[PDB]
Each structure stands twice: as C-alpha cells, then as structure tokens.
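Starting from the known structure of chain P, fit chains Y and F onto it as the hints suggest.
Listed below, chain by chain, are the residues.
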Amino acid sequence: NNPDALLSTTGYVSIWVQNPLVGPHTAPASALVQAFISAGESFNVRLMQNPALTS
Amino acid sequence: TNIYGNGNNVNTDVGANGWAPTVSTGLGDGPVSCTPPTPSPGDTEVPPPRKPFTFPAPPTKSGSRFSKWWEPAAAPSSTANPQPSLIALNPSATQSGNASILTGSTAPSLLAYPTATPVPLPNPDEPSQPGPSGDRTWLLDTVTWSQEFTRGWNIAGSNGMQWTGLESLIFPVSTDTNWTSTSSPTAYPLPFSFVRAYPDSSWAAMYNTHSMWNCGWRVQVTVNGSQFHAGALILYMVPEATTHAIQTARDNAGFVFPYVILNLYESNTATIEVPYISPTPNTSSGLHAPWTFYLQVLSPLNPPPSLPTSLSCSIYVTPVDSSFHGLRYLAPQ
Amino acid sequence: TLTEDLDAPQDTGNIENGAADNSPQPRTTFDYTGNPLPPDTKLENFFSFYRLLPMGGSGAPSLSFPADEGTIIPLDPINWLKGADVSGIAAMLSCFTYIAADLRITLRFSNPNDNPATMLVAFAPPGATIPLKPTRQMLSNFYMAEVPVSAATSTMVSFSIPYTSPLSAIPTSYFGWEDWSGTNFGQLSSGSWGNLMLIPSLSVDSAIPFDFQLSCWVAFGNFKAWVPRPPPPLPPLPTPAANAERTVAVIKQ
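Chains as they are written, first to last, in our numbering: chain P, 208 to 262; chain Y, 1443 to 1775; chain F, 6 to 258.
These aren't lab readings, by the way, just hints derived from the structure by calculation.
C-beta: ideal position from N, C-alpha, C; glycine also.
Don't take every hint at face value.
Unchecked claim - Here are some chain P residues pointing at chain Y (derived, C-beta under 8 angstroms):
#1 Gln225
#2 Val229
#3 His232
Unchecked claim - Taking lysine to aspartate or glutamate pairs in the DMTMM-like style, the calculated list, with each CA pair at most 25 angstroms apart, reads:
#4 F:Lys257 with Y:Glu1590
#5 F:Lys257 with Y:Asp1693
#6 F:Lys138 with F:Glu74
Extracted from the complex, chain P is given alone in its bound form:
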C-alpha cells in the first residue's frame, strides 16, 4: 500500500541497448530476451504474514 517508501525498496534495475543487432539478411528480424529472477545465496526472510498482494 506504500510502495514508494523507505526500507520498502532498493534501487531500480534496467536493460539498455548499446550496440544494436547486426546480422546477415537471411537471419531473423528480431530476438527476444527473457529475464529470470531467482534469489541467490544469503537471501533470508522472517515474520509470517498473509500473502501481501490480495490485501
């Protein structure tokens, strides 16, 4: 309910173009890039609450 609040966020990520695609003219037009998110090591949590999306 208060998303833009202190302690509730960290900074933004981003994905920026730098050098656009190049390829032969046989190659396809576009290529998708899919982004997975999985918590790495040291990720921790505590203090149960009902899922905070519906509420």
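Chains Y and F in isolation, oriented as in the chain P frame:
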C-alpha cells in the same frame, strides 16, 4: 689505469662516471656531469598503481645542516597458441571499480608500458584519493562508424576536440568555441574531454579544486559487427603532442605508439593500459593534458550488401589509482 | 632439421595485441642463429657525436647578428623542431618525447671584416632573467668565456653544460599552456638548458660595423630518452616507370 678509458667501446666521452676526484683537476679537464639528489622522503608517489604513500624519510625532524652563526653549538602473440576467429567461444571479462564488461570471441588487451618505480614527492602533504566514484568505467560519447571513411579518418564522437582546436585552444580550456564547428571532432585529449560531460562524478568534483592530479588511464572500445562484416580500427593513445608533429595525413609509421588493432575479423573489443607519462611528478590541473586518444580506420568496412551501411560503437574511458595534492578555491578548469 | 616433416609447426599468429612477435620461424633445413649487436645502436654512443643544429626559429644553418648587439640563442628543444628539416639533429630528437643529457655545444663564428675581436659568451641557467639590453658588467656574473677570434675568420670553441632543468625530463613536445593566465601555448620556456647570450667587442671600434656570422654543433652526452614517437617522414624515391619493380614495391595488381 685509473679513471681512464671512460665511456668504453667508443672513441668519445659518454660521461660514464658522473664524478671523479680526477676530472676538473687543475692539470686536466673533462666534461662535467650530474648525480641523483635523493630529496630524502615524501609520500613516495609516482606511477600508478605502485604508489605506497608511506614516507621513507623521518618525519618532523627538520634537522637542517649548516651551523647558524648565532648559535653556540648545535647538532604475448606467441605462435604456440593462436587466438581463434570470432566464431569460437573463448570467454573473457575485464572488470573495474564496480562496472564490468563481458566479452565473447577474442579480446586483445595489453598493458602499454610496464609500471615504473616510485620516487619521493617534492611537496609534503597527504594525497586524497577516491575509491569509485572516480573509478569503474565511464562511458564517453558513442561514435558512429560510416562506410565512406577512407584510411586514417580519425573518427570521434561529440566530446572530442576539433582539429583546429588541437592548435590555439585558447583560455580557459573549454570555451565551446573550439568544440563546435562543421565536421568534428578529430580526437579527444584524455584529461580535458573526460571532465567535460562528467562534472557530477567525484573525479570531476576533484581535479577542479585540487590543483595537481595523478592518474593512470585505460581506454576501451567495443564494436560488434555481424559475422559477415569486415574492417579494422586502431587505438593509438598518443602521448602529448600537437597532431601536426604527431601525425599528418600519413599515419604510416604510427605504430610506434600503443596500438592494439581492433580487426573486426576476429575481435569485438580492445583495451589499453597506460601509465601516465608527464614531466614532474604531478601535472597541474586545468592545463597540460598528457594523453590523447585517437581512433583510426585501417581498412574501410564494406558491409554485406542489402544491409545498412553504418555501424555503431562506443568508447569506455576510466582512471586508474587516482591521486591529488593541495587544495584551493573551486576553479572551473 | 630432418628435411621433410609432416607435423612441423605453423607460422600463424596474432599481431593484434600491441606486442609484436619477431622471433624467426623454425623452418626445416634452416639453422637460424643470433648475432652479436655492434655498438653503434646504443643511444648514449650514438648521440655523443657532434651534429649541426638549425639556428633560431627558422632559416638554418647560420645566424648573423649585427655587432654591438647580443643574440640569446635559445636552447629549447621545442624551438628547434619548428621549421625543422626532415633530416638532421632537428628531426632525430622528434623520435623521443623526453630527453635528459648534459648538452655540449661547440660554436664557431667568422668575422668578415679584418680586425681581431673577442666574443664574451655567457650561460644563463634556466630559468634566469635575460637582460633586455646586455651590458658587460651585467652579463658577466652568470658564467664567462672569452673567445679570441682570428682576424681572418673561423675561430671555434666548445662548452660543457650539466643538466640544470628542474623538470627532470625536458619535453620535446608539450600539449598545454605555460602561463596560468597568459597564452604561450604549446611550449615551455623553463625546460631547456639556459640560454647563450653573447656580446661582441671591438677595440679599434672602426666604422662599417658589419655583421658576424656563426653556426654551432651540438652533441648530447650521458643520454636518456624515455618514451618513443614515430620518426619523421622521408620523401620516397621517384618511380622510373621504364622498368619498375627493380626498386619500389609495386601494388594493387
């Protein structure tokens, strides 16, 4: 045979011996000569990144020598393994303070000159050095490559100084008068064109108010063309001189500098590691930019037909082991 | 050796890295052997020989200064390169940015009028204020030389100047300013080896004062040169076009 036969192997005096009781004697005279001073201590800082910052000399004695008259008494490239074309994988990465650049294929990377030994600083103060910010990799202007450039065209972005700017720059520094003209710019001097476009960065915050600055520089360019493109580039990283004395419309022998050809055949990337070469330990701020980074075309890239003629690239420039000495009011540059 | 080899190693490589590999390939039936290096290559041996410098900002070889007035003969290595010839001491130092040596001048000067004469040669260590109009008393404190010059002409003299610069290394090219406020772009007046100011004298003091003419040879010693630059261009030979390829590489065929 004492003190004779000097500067052997040649019929001349090479000043092999700096001093001898024998030379300058009343009976006979040889050419004079010099010996190193050893100005005792000082934060031993000279070339990055070998600078320890610890002073060898005792601190605070301030002994002096002569006795004052008013005091009574006082006391690779080897053919063993050849780098494959860009088809093969061959991963590599070059990191920095925080930002880092991955690459595929083959990335030529060299360290231009080996790091020299430290020398005691003339002034006594503690250098203030900032960890990034002022480290990492700053992105200068992304320059567009075009097909119509012949050999040795000196391509550069919007942050470079123009050809005529390399002569009669004027004061002080950036007037915006020498940086805007039809067809520009030939190349960017490294210290001057880095502050421009990056006033916010701490390195930028510094180098304004700190007077003398000390940094080693490393420049990195990234060009990825398709497997079918063909071309080449060169990174000269020329030490300080006017372009007219450095190179004029020739560039034929210009490989004496550091070069590291890009060669869009087998490579997407190139780097250079340059320790800074300047007279006196520390150059002054706002003037005397020692390194200048030229980017040239060996062969015109002719793209596969039916595909766009232009091609894009960027230039990543970053300091190495920065330092500063002395403070003063802010100076624009 | 072994003559015919199926497995012999390839000559391929990479020149893209800055370093270039010049080692000879081990071709079969070839015994490659090193050779001792003859000692005309080393710098300190190669710059110990006298060569003729271009005098003044331009208009080499010789300088003519009228009598009663001294010329300051600047020793800036940056001033030499201006109007520098393709071949000469002028353009050889263009290969290195920084040089340090004790510069040994030998200058000679020939007085066309016939009376004996004396030049008073002084060396003002960098930096030092050069008096605008030199006087014998003022000029003298620095360092002295008295050169008797033969009446007919051609009297020489040599000198040995230790390395006085506080720059440690004197640049042969400098990109930046000198004065903080002022302009003077592209050169530095404090990096060099003094100046030679010299005031002629005549005892007879005859009319038709005339002008002395001089030139000087300069040879460094105990030489050190810290970073290289590409050597100046040499004009190529003409194409005979009658029978080519004898000399001058053909190309684009």
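Verification of the supplied hints:
Because the smallest distance between the Cβ of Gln225 of chain P and any Cβ of chain Y comes to about 6 angstroms, under 8 angstroms, the interface hint for this residue holds. Hint status for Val229 of chain P: holds, given a least beta-carbon distance of 4 angstroms to chain Y, under 8 angstroms. About 5 angstroms separates the beta-carbon of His232 of chain P from the nearest beta-carbon of chain Y, less than 8 angstroms, and the hint is met. Of the pairs offered as hints, the one joining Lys257 of chain F and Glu1590 of chain Y holds, with about 20 angstroms between alpha carbons and a cut-off of 25 angstroms not exceeded.
The hinted pair formed by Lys257 of chain F and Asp1693 of chain Y meets the criterion: a straight-line CA distance of about 20 angstroms does not exceed 25 angstroms. For the hint pairing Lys138 of chain F with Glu74 of chain F, the CA-to-CA distance comes to about 8 angstroms; that is within 25 angstroms, so the pair holds.
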